[PDB]
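Enquirer: Spelled out from the first residue to the last, the chains are:
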Amino acid sequence: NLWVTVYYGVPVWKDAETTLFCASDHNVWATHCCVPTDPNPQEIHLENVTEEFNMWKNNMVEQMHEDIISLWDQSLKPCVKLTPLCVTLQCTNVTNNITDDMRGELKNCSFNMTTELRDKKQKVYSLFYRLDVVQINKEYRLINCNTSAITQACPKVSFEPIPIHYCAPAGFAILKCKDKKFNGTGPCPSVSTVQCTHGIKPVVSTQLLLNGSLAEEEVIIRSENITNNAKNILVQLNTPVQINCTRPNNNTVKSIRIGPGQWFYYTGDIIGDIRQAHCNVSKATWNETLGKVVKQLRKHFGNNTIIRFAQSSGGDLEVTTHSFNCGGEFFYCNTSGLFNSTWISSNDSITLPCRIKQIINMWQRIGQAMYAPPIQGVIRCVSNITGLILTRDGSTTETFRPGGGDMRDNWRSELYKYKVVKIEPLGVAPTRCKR
Amino acid sequence: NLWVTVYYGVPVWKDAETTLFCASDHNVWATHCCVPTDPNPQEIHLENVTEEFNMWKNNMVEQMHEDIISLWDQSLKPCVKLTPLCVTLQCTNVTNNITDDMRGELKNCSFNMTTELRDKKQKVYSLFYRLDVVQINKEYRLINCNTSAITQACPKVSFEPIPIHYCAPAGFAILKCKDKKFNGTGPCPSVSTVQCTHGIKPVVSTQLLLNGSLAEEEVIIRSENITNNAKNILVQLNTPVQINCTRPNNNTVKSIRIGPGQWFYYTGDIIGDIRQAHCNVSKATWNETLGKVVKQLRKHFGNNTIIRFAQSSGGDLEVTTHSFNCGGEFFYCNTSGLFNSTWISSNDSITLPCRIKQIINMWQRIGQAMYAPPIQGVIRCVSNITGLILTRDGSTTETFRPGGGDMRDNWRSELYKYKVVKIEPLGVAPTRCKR
Amino acid sequence: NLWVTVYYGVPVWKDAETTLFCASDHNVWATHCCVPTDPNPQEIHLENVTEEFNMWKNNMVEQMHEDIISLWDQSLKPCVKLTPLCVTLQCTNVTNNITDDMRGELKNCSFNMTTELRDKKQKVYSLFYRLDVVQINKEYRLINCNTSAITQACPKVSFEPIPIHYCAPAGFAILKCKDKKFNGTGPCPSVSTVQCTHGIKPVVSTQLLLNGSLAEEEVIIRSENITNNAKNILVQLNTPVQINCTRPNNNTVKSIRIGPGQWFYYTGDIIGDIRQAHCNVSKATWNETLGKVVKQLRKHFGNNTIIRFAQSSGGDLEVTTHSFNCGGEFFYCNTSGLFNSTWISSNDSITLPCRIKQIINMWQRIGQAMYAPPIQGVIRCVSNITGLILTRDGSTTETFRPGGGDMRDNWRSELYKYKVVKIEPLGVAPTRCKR
Amino acid sequence: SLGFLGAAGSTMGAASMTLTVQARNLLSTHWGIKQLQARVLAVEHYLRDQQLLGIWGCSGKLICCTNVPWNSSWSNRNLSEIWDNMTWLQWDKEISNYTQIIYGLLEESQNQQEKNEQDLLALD
Amino acid sequence: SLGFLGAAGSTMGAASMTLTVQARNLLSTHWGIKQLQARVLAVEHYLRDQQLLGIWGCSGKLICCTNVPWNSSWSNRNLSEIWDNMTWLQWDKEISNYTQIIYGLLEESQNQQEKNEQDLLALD
Amino acid sequence: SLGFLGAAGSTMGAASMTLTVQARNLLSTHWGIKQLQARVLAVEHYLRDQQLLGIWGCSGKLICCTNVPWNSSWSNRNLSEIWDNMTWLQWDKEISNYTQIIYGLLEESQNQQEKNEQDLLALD
Ligand SMILES: *[C@@H]1O[C@H](CO)[C@@H](O[C@@H]2O[C@H](CO)[C@@H](O[C@@H]3O[C@H](CO[C@H]4O[C@H](CO)[C@@H](O)[C@H](O)[C@@H]4O)[C@@H](O)[C@H](O[C@H]4O[C@H](CO)[C@@H](O)[C@H](O)[C@@H]4O)[C@@H]3O)[C@H](O)[C@H]2NC(C)=O)[C@H](O)[C@H]1NC(C)=O
Ligand SMILES: *[C@@H]1O[C@H](CO)[C@@H](O[C@@H]2O[C@H](CO)[C@@H](O)[C@H](O)[C@H]2NC(C)=O)[C@H](O)[C@H]1NC(C)=O
Ligand SMILES: *[C@@H]1O[C@H](CO)[C@@H](O[C@@H]2O[C@H](CO)[C@@H](O)[C@H](O)[C@H]2NC(C)=O)[C@H](O)[C@H]1NC(C)=O
Ligand SMILES: *[C@@H]1O[C@H](CO)[C@@H](O[C@@H]2O[C@H](CO)[C@@H](O)[C@H](O)[C@H]2NC(C)=O)[C@H](O)[C@H]1NC(C)=O
Ligand SMILES: *[C@@H]1O[C@H](CO)[C@@H](O[C@@H]2O[C@H](CO)[C@@H](O)[C@H](O)[C@H]2NC(C)=O)[C@H](O)[C@H]1NC(C)=O
Ligand SMILES: *[C@@H]1O[C@H](CO)[C@@H](O[C@@H]2O[C@H](CO)[C@@H](O)[C@H](O)[C@H]2NC(C)=O)[C@H](O)[C@H]1NC(C)=O
Ligand SMILES: *[C@@H]1O[C@H](CO)[C@@H](O[C@@H]2O[C@H](CO)[C@@H](O)[C@H](O)[C@H]2NC(C)=O)[C@H](O)[C@H]1NC(C)=O
Ligand SMILES: *[C@@H]1O[C@H](CO)[C@@H](O[C@@H]2O[C@H](CO)[C@@H](O)[C@H](O)[C@H]2NC(C)=O)[C@H](O)[C@H]1NC(C)=O
Ligand SMILES: *[C@@H]1O[C@H](CO)[C@@H](O[C@@H]2O[C@H](CO)[C@@H](O)[C@H](O)[C@H]2NC(C)=O)[C@H](O)[C@H]1NC(C)=O
Ligand SMILES: *[C@@H]1O[C@H](CO)[C@@H](O)[C@H](O)[C@H]1NC(C)=O
Ligand SMILES: *[C@@H]1O[C@H](CO)[C@@H](O)[C@H](O)[C@H]1NC(C)=O
Ligand SMILES: *[C@@H]1O[C@H](CO)[C@@H](O)[C@H](O)[C@H]1NC(C)=O
Ligand SMILES: *[C@@H]1O[C@H](CO)[C@@H](O)[C@H](O)[C@H]1NC(C)=O
Ligand SMILES: *[C@@H]1O[C@H](CO)[C@@H](O)[C@H](O)[C@H]1NC(C)=O
Ligand SMILES: *[C@@H]1O[C@H](CO)[C@@H](O)[C@H](O)[C@H]1NC(C)=O
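Protein chains in written order, with PDB author numbering: chain D, 33 to 57, 66 to 141, 150 to 185, 189 to 309, 312 to 323, 323A, 324 to 397, 410 to 458, 463 to 503; chain A, 33 to 57, 66 to 141, 150 to 185, 189 to 309, 312 to 323, 323A, 324 to 397, 410 to 458, 463 to 503; chain C, 33 to 57, 66 to 141, 150 to 185, 189 to 309, 312 to 323, 323A, 324 to 397, 410 to 458, 463 to 503; chain E, 519 to 546, 569 to 664; chain B, 519 to 546, 569 to 664; chain F, 519 to 546, 569 to 664.
Just chain D, with the same shape it has in the complex:
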């Protein structure tokens, strides 16, 4: 005695994969390409809706990866090509004001490079940081000469992260997980619907995550499979750890024409003493932070067991040391003073030595190299450590080491709260109404 009744505008949805667009709010993220945001966004709480989230199968991460790389490459399209620099360099050591920490790190190179006119050359003198120069046999070449084309980054374009809001297209919605102590893979008892995400800054780093969100109550340890030693562990911190990084040298930056309409920037000289770049982390804060991490790890690995921290086992510098963009310079900072402790159930800082490199190969690609022009003056930056990337060695003692290098993990950490669903407004149910 029941009849089919059709309803349109039914509040249901399905998991779906669609293309999201950016909304933002000169720079390397080409934010002028985004649709400006709504000053008064809404969040609609969904009472009595429990949804399954899975941060590891989330394709929002894959899109963020594809767009960050694409934006990055587009920003270099109009920039000066440095092909003329792949010449033999004649290099000697910088020895005039050295503290012996930087023994051999800087090199004073000279070379024959072109001028505005094709029939004329000029002799150029410049400084290199050793990591970016390789010996040929005092004859050197740049490291990119046998693998890639080199492009100078445009000096007018900032690399500072700008928050990006991702927005679902009409017909789709983004569900956000509001639960505290949520590890990213289980059911989420409290959710809400938003059209656009929290702005996410595309901060790029390895080993330790910088300037992200904080855990609401306690350190949260997230992994695809915690017992699989091959997986990375993303640890979100409850409170930030402050880190102060610097390149404590007053650099004089010079530039020359290399061809019509094009100029090259290089470090001319250094004023005063030459000192090693470094980062400062407070010891007490760092030791408390690890204690919190260890407690949470014991919940998975045992109270009657031992947790030991150790340095990355080895591999490429881009993976094994900490890396970040500070003022536009690229830093490679050792983490050995951060992960050297065995945990068994003071106004002082940890000083981390750092290296500087001018030739950069991002996103783990080969054939596309970028030259970061040097910055005049002295650079200092302060940032918050908001999470860690750890791996585990394959007894009673477990060893954890810094890991990462796969950029999708940094994003994944920020996007863990969101999933995209398709709205399916049309459906049927039996009623007593017939016609």
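Source of the hints: derived by calculation from the structure; they are not laboratory data. Don't be surprised by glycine CBs; every beta carbon is placed ideally from N, CA and C.
What follows is a set of in silico ranges between Cβ atoms, one per label pair, in the way DEER data are often shown:
(1) A:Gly431 <-> D:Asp322: 28 to 34 Å
(2) D:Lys231 <-> B:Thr569: 47 to 53 Å
(3) C:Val208 <-> A:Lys97: 49 to 55 Å
(4) B:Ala662 <-> D:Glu92: 34 to 40 Å
(5) D:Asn160 <-> A:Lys97: 54 to 60 Å
(6) C:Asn279 <-> A:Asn99: 52 to 58 Å
(7) C:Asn355 <-> E:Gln630: 36 to 42 Å
(8) E:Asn611 <-> C:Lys351: 50 to 56 Å
(9) C:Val208 <-> A:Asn185: 51 to 57 Å
(10) A:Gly431 <-> C:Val182: 35 to 41 Å
Counterexamples of contact, computed for chain F against chain B with all Cβ distances above 12 Å:
(11) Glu621
(12) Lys633
(13) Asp664
Model the placement of chains A, C, E, B and F with the ligands on the given structure of chain D, informed by the hints.
Expert: Just chains A, C, E, B and F with the ligands now, with coordinates in the frame of chain D:
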């Protein structure tokens, strides 16, 4: 006891901005980017409709400006690059057939040019006009060597303007002002609706507008604010002034290969006397034209005010000197002979001397330079002056001078009749009908 | 007393021209740009429907041609440019182990090539096939260093034809002719509707059509106008003829770096003796095939005539010989042994000598030259002749020659059964109801 | 039991029962442009047909009976000669010269119908 | 007719006689993107207006009467004043403030009507 | 009220009064292509559902009662269980296996109804 009635198809609209497309009517203004026009375009007169127009805030102008630049740049994309020419030139003077009008206006330069094969060179000589060559310290270089890349315009692509009609998308309409003697900013008592504008030739010039529309009855003086000396005055003539321009030299054009698939064009030599380029206008026509302008200009200044004309005070050649594209050559003509008079309450022409420049930097941009290949033989063109661009000096006898340098003014001159509105077919009103 | 009734969803159509898209099924063409096909495609037979088809006015062919050229060009965009090879080569022909078939068909050339560093040069020795090397005045250059510029094809990308399905957009459908012995221009008594064509392999060839479809019962001769000597004749075979092609020379391939991330590939030397490339066609099969062709030609020219086959009258190698891609190698085979017979009303093979060419100007274009990297080892391929391209000459004897090219006639041999129509679902008819 | 256009060639009467089959199959690097143009065009054609049905007052129906009488000048056949002995392809060709007359009349008829209804409701 | 928007300037009670005319004109390398955006935009606007009518309960109608009473606070006129001595451009300005109020009432009324219809149909 | 999907999780009965809220929020440098593709999908979806409503005879309604009886084999439940103790997400999952069957039946019913209407008008 009235009820709401909903009506759809209601003939109302709002001011709006949108994307317009071209309908046209081997060429820089590619028609490959357009659709055909209707053979029978429609126009609808609107009785009892008065609209507000403001030509100074008309976004059709901004959009036309951007389309033209984009078409221009695309036309050079596949053309021969001339980087190999930026070498030291060995130059002497062309003194062979000089009347002293052209003394110093031509140089005879030799250089070591590239060839099809990488391992070969050729010695080439060519002529330059001084304006495009700068002395290095008889050692010269092209003017673009220290600022821009130079691209040769394709010899097969015409710079002759094709009138382009602009068309609104469905849902939008263009209202046109039919009020004769309309100054562009007030209410327009007589309007009509069209879907496409008349075709507008994208003529490029400064100071004197060429080949535009004429005022229906009287000279019309239009300005954003007539008392603001920071604004230009656009004067639309009700009669054309004929101007006859020439480059009275028989050029022999030479061509060489510069690399695989590429060739460079240049003037080899000149047959006969070397003469200065020039333009002629009738003295009587020009003096009558100014008298009409002055009579109308006085409406905003008084009959106790003396109106004086003077030459531009200075600045770059592209602004102070009249310019246009004639036969494919770029002319820079001196208008001081036209604007030199004070106005107080038969077979005799005015000759304006002109210079020719081969390296072109349009839209006042730096970094994109075009090389205009030579035109073989002798050039003559005839055109109509349809309006003037004037500026006014900062306690009696107001002085006016030729203006320009901003192309949006030429477009505003043609696009003062049209505005874009969005059609809004849905609305409500009270009736005696309910259900 | 009849009334108009409107029906929607009416099964009618009109002939139409729309844009079709590719649907797929390390390739040169971007197969990744296509959408995967329907796992279970449908075909609907239309009973009692006769439609007119015209293979010579079919716009599907024109799109296929355009798409293939564009896809091809896309594949070379990221590949190494070989501009630095346009130097004088010093050559002395290889004469180490020859049979006098290859005398003068190979050349041992040396040149000064660039290196990663701009400061260095390297001497390179390589072998060329003569067709690609032209004497300059022992001084030679590559043939395509004046009219063009050369791009090296990427060695990892395959030229093997991959069948591509074409699919109509919603609102359009493709009518497929299923009529045995259909000549391409008349009414087709039995048709069906499909959304996608079968996949068609983009096989590129001249003289003979390789790896296509076969006629159901008899050889079918199709032409736009059989009496017009300006038109080509497409002959579809009902049986394949097997052809075995080879380059029986074991090449040693070497490579050098030519720049920062760029490398050039070339033949270093030959292991063993030097032998000519050739193709084998069985005599009995080929003679049976021609007999069938002749019978079908008599039906159009008379049953009391003489049909004579002859080789090409002359012209460029690309149109006088049988061009095909074998293993990625480019062959130019002589068909004079196939078309030399007058027809009047046990492992014995025909050997066709073939030449090899590395610099290829595809699609009868000028300015875009491709360099085909050498293939290490020995090449053998076996393919099916599925049709012939013939031309007819201006007595009692009709003379036919192989005719090829235009890269539209080859496609027409597969795209002759398909027509695109627009669905027109709305219409009216008289009936009995009113309101 | 027929697929898309499987009724083509059948009589108009028989084909009128598959209208749903055709209707439901409507809508159903330069490459990005080709896909967008294909999608956009399919939508534009769909919407123009729907707008026209809307104007005529047939927006929700596959078979819509209107108030415009049939003129023998368009076609003077018997209803059998049309519905039992012709297919839709043939019919469309036979009356292709009256299409815009019929469509204009349909627009006028519906506009008159809407006005009459609005006034009756206002009346009482 | 007067052609597209030719009725503008005419009083409301006269302009409304030719609504069809403005309905048919709602659907009638960047170069390709500018054109796709223009085409997509026209469709989006068309559909948004059509959805409002559908929500309010009007489907293919150019003129539809609802059950929402007119408030004198929105506009206090002699009715003949509006239909005989005012044009649509003027009217649209006069009540532009109340646009959202009226639209909200139209949605509410129809939602109530649909529920009421469902209950009555269930009765038997 | 609750701006969008606010009723999700409420019972099916309670949520029936927010159909308007969800319906009105539907359809509301190569980064230009991604934006066009998204805008086009917003139109293709939506427009596709409108077609189904059209075919089923529900073109102008948020709530549409048809003449197809409910089969207990799709779901053997008390109406009070369905409307008071379940939400729409749960319901849709329980009968997601029968959706195609129901949709096919709805199309058949409407087609039969249009033919029957045409014959009655012809007889009247
Ligand atoms: C008409 O139709 C025929 C039949 O389809 C085509 O003939 C085929 O052409 C393809 C492409 O040239 C051939 O594929 C190649 O085979 C090589 C040999 O591999 C076979 O033989 C070895 C013997 O030791 C076996 O171990 C092996 O399993 C195979 O059975 C491969 O070496 C080739 O791969 C190399 O090149 C590709 C890029 O193209 C790289 O990606 C690989 O890594 C590798 O370097 C390739 O697979 C196929 O064998 C041919 N079939 C026959 C029967 O001969 C005709 O080409 C076609 N005519 C025209 C004009 O298109
Ligand atoms: C320039 O710097 C290099 C290091 O980059 C110095 O090389 C080292 O020299 C010491 C002393 O002889 C050796 O013990 C190290 O093993 C060398 N290092 C490497 C990597 O080989 C070099 O001596 C310095 N030159 C000058 C003049 O100071
Ligand atoms: C994150 O929390 C979820 C629970 O919300 C954990 O999922 C359970 O894992 C066990 C294995 O230890 C399975 O037997 C259960 O069936 C899972 N339950 C659910 C609801 O999925 C998950 O393991 C936790 N992950 C981490 C890294 O803490
Ligand atoms: C163009 O005409 C308008 C009138 O239609 C002029 O604008 C008026 O200027 C007076 C002052 O002289 C003001 O008091 C009025 O309020 C203005 N009216 C309007 C509608 O703006 C305008 O100045 C004229 N401009 C030119 C260049 O002639
Ligand atoms: C039109 O131009 C006149 C200048 O002639 C502007 O008048 C000046 O406005 C500023 C700012 O209020 C005052 O400080 C000056 O004293 C005014 N000058 C005179 C002579 O009165 C006028 O504001 C401009 N009008 C518009 C609409 O832009
Ligand atoms: C393909 O077959 C059709 C018949 O179906 C041929 O068409 C006829 O051509 C003659 C030419 O003298 C015309 O007079 C007839 O009126 C045509 N008949 C029809 C039905 O169109 C066609 O010429 C044949 N083409 C080839 C290449 O064989
Ligand atoms: C097919 O080609 C023949 C030519 O081979 C065309 O016939 C010629 O038509 C012109 C114009 O009427 C006559 O002056 C010639 O004398 C004809 N030549 C012969 C040999 O008959 C024929 O018209 C073409 N068919 C079609 C359909 O275009
Ligand atoms: C524009 O306004 C005039 C009035 O000024 C309208 O003309 C009147 O139309 C009515 C109705 O047909 C006649 O009774 C009057 O006698 C006309 N008056 C005059 C002075 O002619 C005219 O119709 C309006 N135009 C439009 C398009 O609505
Ligand atoms: C979420 O579930 C709770 C529990 O069933 C709902 O709470 C009921 O709300 C009604 C209406 O206000 C009250 O009469 C009942 O007494 C409440 N039940 C209880 C146990 O307190 C709540 O309304 C649901 N949320 C939504 C959005 O539907
Ligand atoms: C520049 O070239 C000259 C060539 O004679 C060479 O002697 C000199 O060492 C080169 N200079 C540098 C810094 O390489
Ligand atoms: C070309 O190069 C040679 C190098 O020896 C130089 O002497 C000659 O002056 C150059 N010619 C020109 C025109 O610059
Ligand atoms: C390479 O350059 C030298 C320069 O002295 C020249 O003698 C030699 O012939 C060149 N080699 C070739 C193969 O042309
Ligand atoms: C190739 O030539 C060498 C040198 O004469 C000879 O030793 C070798 O046997 C030859 N190979 C063949 C296959 O003839
Ligand atoms: C084709 O005609 C036959 C009668 O000869 C008829 O039975 C059949 O149904 C027709 N085909 C179609 C698709 O209507
Ligand atoms: C109800 O569903 C069952 C199972 O699919 C089917 O066998 C039965 O015929 C259906 N009832 C009716 C009236 O069709």
